[PDB]
Amino acid sequence: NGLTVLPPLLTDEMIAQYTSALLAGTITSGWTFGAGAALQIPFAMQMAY
Amino acid sequence: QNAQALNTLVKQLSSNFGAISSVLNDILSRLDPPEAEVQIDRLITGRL
Amino acid sequence: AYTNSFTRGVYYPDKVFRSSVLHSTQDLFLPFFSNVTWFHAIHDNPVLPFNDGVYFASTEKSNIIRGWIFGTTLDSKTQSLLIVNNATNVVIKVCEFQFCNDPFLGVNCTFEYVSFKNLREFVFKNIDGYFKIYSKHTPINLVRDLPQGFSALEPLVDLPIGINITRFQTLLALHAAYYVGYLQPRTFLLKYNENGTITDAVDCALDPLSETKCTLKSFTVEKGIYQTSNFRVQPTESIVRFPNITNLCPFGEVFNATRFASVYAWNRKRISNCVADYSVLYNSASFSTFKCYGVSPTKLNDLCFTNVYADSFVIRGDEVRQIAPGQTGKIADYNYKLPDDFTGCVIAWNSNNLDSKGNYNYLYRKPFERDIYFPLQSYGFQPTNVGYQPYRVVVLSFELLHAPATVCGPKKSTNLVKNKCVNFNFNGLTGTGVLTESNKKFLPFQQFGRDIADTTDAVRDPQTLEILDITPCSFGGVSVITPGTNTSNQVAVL
Amino acid sequence: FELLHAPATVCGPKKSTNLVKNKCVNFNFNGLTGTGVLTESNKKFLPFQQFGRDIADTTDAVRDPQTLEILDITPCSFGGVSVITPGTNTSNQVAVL
Ligand SMILES: *[C@@H]1O[C@H](CO)[C@@H](O)[C@H](O)[C@H]1NC(C)=O
Ligand SMILES: *[C@@H]1O[C@H](CO)[C@@H](O)[C@H](O)[C@H]1NC(C)=O
Ligand SMILES: *[C@@H]1O[C@H](CO)[C@@H](O)[C@H](O)[C@H]1NC(C)=O
Ligand SMILES: *[C@@H]1O[C@H](CO)[C@@H](O)[C@H](O)[C@H]1NC(C)=O
Ligand SMILES: *[C@@H]1O[C@H](CO)[C@@H](O)[C@H](O)[C@H]1NC(C)=O
Ligand SMILES: *[C@@H]1O[C@H](CO)[C@@H](O)[C@H](O)[C@H]1NC(C)=O
Ligand SMILES: *[C@@H]1O[C@H](CO)[C@@H](O)[C@H](O)[C@H]1NC(C)=O
Ligand SMILES: *[C@@H]1O[C@H](CO)[C@@H](O)[C@H](O)[C@H]1NC(C)=O
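Residue numbers (the UniProt record's numbering), protein chains in the order written: chain Z, 856 to 904; chain B, 954 to 1001; chain V, 27 to 69, 80 to 143, 165 to 172, 186 to 245, 263 to 444, 447 to 454, 462 to 468, 489 to 501, 503 to 611; chain H, 515 to 611.
The reader is advised that the hints may include incorrect statements.
[Claimed, not checked] One side of the interface only, derived from the structure: several residues of chain V facing chain B at Cβ under 10 Å:
1) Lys187
2) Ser383
3) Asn542
[To be verified] Listed below are the simulated BS3-like cross-link pairs for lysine-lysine, each with C-alpha atoms no more than 27 Å apart in a straight line:
4) V/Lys41 <-> H/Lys558
5) V/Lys129 <-> V/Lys113
6) V/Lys41 <-> H/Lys535
7) V/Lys278 <-> V/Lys310
8) H/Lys557 <-> V/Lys206
9) V/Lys417 <-> V/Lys444
10) H/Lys557 <-> V/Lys278
11) H/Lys557 <-> V/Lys304
12) V/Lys529 <-> H/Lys557
13) V/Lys97 <-> V/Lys206
14) V/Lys310 <-> V/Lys356
15) V/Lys424 <-> H/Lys535
16) V/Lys304 <-> H/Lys558
17) H/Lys557 <-> V/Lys202
18) V/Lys202 <-> H/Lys558
19) B/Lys964 <-> V/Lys206
20) H/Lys558 <-> V/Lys206
21) V/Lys278 <-> V/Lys41
Since the hints were derived computationally from the structure, they do not count as laboratory data.
We put the CB at the ideal spot given by N, CA and C, even for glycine.
When you get a sec, could you build the whole thing from the sequences and use the hints?
This is how it looks when you write it as C-alpha cells:
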C-alpha cells in the first residue's frame, strides 16, 4: 500500500561490537576509558576501588 | 504497539467512509468523473 | 541536424507578479538539455508536427524569417493561422488561405489584425482553442548555434481561433537558421529575483540533483540523502478476460414485448448467461428517460454482473419520477418499491401510440415486493390524455457483488501474459501487477480472493479455471545521496 | 466567462469612485475585493501583469485599471488584545495591551 520499513544504520553486528568494546573496556580498564585512555588495571584491584 | 499501529492503518483501507466502495478502482470503473470525484473525495478524506 | 536546448524555452507562466521567491509551476515547457531540430537557410521550410505544442527559435542578421503557418492541411481546405512581419507591419490572419506548393516570400476568414545579431524565441501552444504566443527578443553574437544561457519570455498574444492545429510551417524571405523543439508537461522551479525577473530555472525530470532541487524548493542543496521520489515499475500491455460466451442477452424480449404487466403485478425477468450490449439501449432515441443511479451508462459495456433483472410494468407518466432510490409517494411506497441502495438504471418511454385506446387493463395498488373499500385502483388510458399517458418502464437491477459474472458486455478478450507487469481486467475488475501461477485452492464457488486491505489477492481466470496470484510490480523510495552542491553537482541514487 | 486574473476587457455596469491612498479602505479592482491600505509602490509589474500575489495566494499589489500605476496592498492594522488585571477580588481596574 506504500508502507515500507527502512533498515537501521547500525546493524545488530555493529551494536554487538559496541557492547563488546564497552564491556572489554569496563573489564580491563575500569572507568578510565570513559574519562580518557583505557588504563589497564588487575580486575581484583578494580573491584577494590 | 508498532505492529498494531500498522495493522490498523492497513485495515482502514477497507473502510468506505461514506463512499459506495472502499475500492478505488471500483469507483472509477463504474462512475463518470463528475460522480466518481465525489465518491473519491469521501475516500481521500477518510484515508488522509 | 539537432542541437542542445540547454536552459532556453522557459516563459512567465501567468500574469501574476512575484519577486525574491523560488516559486514552482507545471506548464508546457521545453524540457532542459533535450534535442531540438536545427534547420538552415543558406545556399529549408518543411512542414513540422505541432504535437502538444512548440518552442520555436531563430537567429537573424537580416530578418529572413518573417512568418508562420498553422493548421492541419495548410491548403485552403481548412482554416490556417498566418503570421507575417513585413518591414514594420505585423499581420495576423486566420483565413482558409491558398498556400503555394512551397510557400515563401520574395524580397471564410474569422480574424484579421494589422500593426547572427538577433535571437528571437517564441512559444506556441493551442489550449482549448486558444493560440497562446510568448516571445523574447535579445541581441546575440553567435553564428553557429543557439547561445547558451537563460532569460524568460513574456506572453504577448492570445488568439481565440478555435483551430485544430497538428502541423505548422515557416515562411522565409528569399533574395537564418531556426529551431523547433517540442513542449512537454514538465514541472519547474523558477528563481524570481528582486525585480521579479526569472533569473534561473530547474527542470524537475532532468536528473536526480534536479529532482532534489524540485523537492527542497532550493537552488542550493546541502550534503545529505534526500527522498526525492518513489520508483514504481510500469505495466507493458493490458490483459482483458471475460468468459468466452457468444450468446446475446434478450433485451428485445423485454423492451419490445407485446404487452407489459400491471404495476400491482410487475414482471421480473432474469437475464443470464449472455453478452449484454447496453450501447443499443443507451443510444436508442426511443426512450423518454434513461436514468442511472448505480453506475454510469457508458461504463456498462466494460463492467459486468452476476445477474441482471428486468422489472417490467406500466405506470402513469407523472409517476415515472417516483421510481428511484430515496423517493416516496403513492407508487414508490404502495405498489413498487426500490432499495435506497439500488444499483442500476430506470428506463422508460411512453406507450401512447400502443397501449392507450380506453385501456383499463392496467391496475395499481418492502423492496421488490409483488403485492398480488378496496386499495385497488386502475387507469383508463386514452391517446388524448402527457402526464396522464401510460408509460412502459423497465428497471434494470444489476448485481455487482464479486462472484462469477454471468452477464458480461460486448468486449473482446486478450491473451494472458504471466510473470510480467500488466494492466489487467477480470470481469470488470481492474488493477496493475504481476500475474503468476498459484497454489491457492479456491473453492468452486469462489471467484476472487482478498487481502487485509480489501484489495485483490488472487483471481480465477474466467475462461480457464486456474488461480492467478496478483503481486504489485516492484517499487520503493528513491533517495539522492549528494555532497554539498558547492563541493560537486555529482550525485548517487538509492 | 473567463475569470482568470488578468486585465479585464468586459466589466459589469458599475460606476467607479476616486482612489484614496494611505488610508484603510474597502476596495474593488475589476471585481476583486478586499480590505487594506493602498499605497504607492516600486513593484515593477510587467505590461501583461495585472495582479500580484503573496505566499498565501492573497493579493499583494494591483495595477489600477484606469491609470496604469502599481499600488501595494497592506492589510489594515490588527493584533491580539490582552487584558491585564489584578484579580476581581482586589479591583475591577484593568490595563489593555
Ligand atoms: C539527441 O541526439 C543525439 C544524437 O545527435 C543522441 O545521441 C541523443 O541520445 C539524443 N537525446 C535525446 C534526449 O533525444
Ligand atoms: C504587408 O502585407 C500586407 C498584406 O497582407 C500589405 O497590404 C502591406 O502593404 C505589406 N507591407 C507593408 C510594409 O505595408
Ligand atoms: C465557407 O464555409 C461554408 C460552410 O458553412 C462552406 O459551405 C463554404 O464552401 C466555405 N467557403 C469557401 C470559399 O470554401
Ligand atoms: C534590477 O534592475 C536594476 C536596474 O533598475 C539593476 O540595477 C539590478 O541589477 C536588477 N536586478 C535586481 C536587483 O533584481
Ligand atoms: C426494439 O425494436 C426496434 C425496432 O423497431 C429496435 O431498433 C430496438 O433496438 C429494439 N429494442 C431492443 C431492446 O432490442
Ligand atoms: C473458454 O474456451 C474454452 C475452449 O478453448 C472452453 O473449453 C471453456 O469452457 C470456455 N470458458 C468459458 C467460461 O466458457
Ligand atoms: C481613464 O481615463 C483617462 C482620462 O482621464 C484615460 O487617459 C485613460 O486611458 C482611461 N483608462 C482606460 C483603461 O480606459
Ligand atoms: C474575596 O472576596 C470575598 C467576598 O465575596 C471575601 O469574603 C474573601 O475574603 C476575599 N478574598 C480575598 C483573598 O481577598
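Hints the structure fails to honour | Hints 1, 12, 14, 15 and 19 are the ones this structure does not satisfy, whereas the remaining hints hold.
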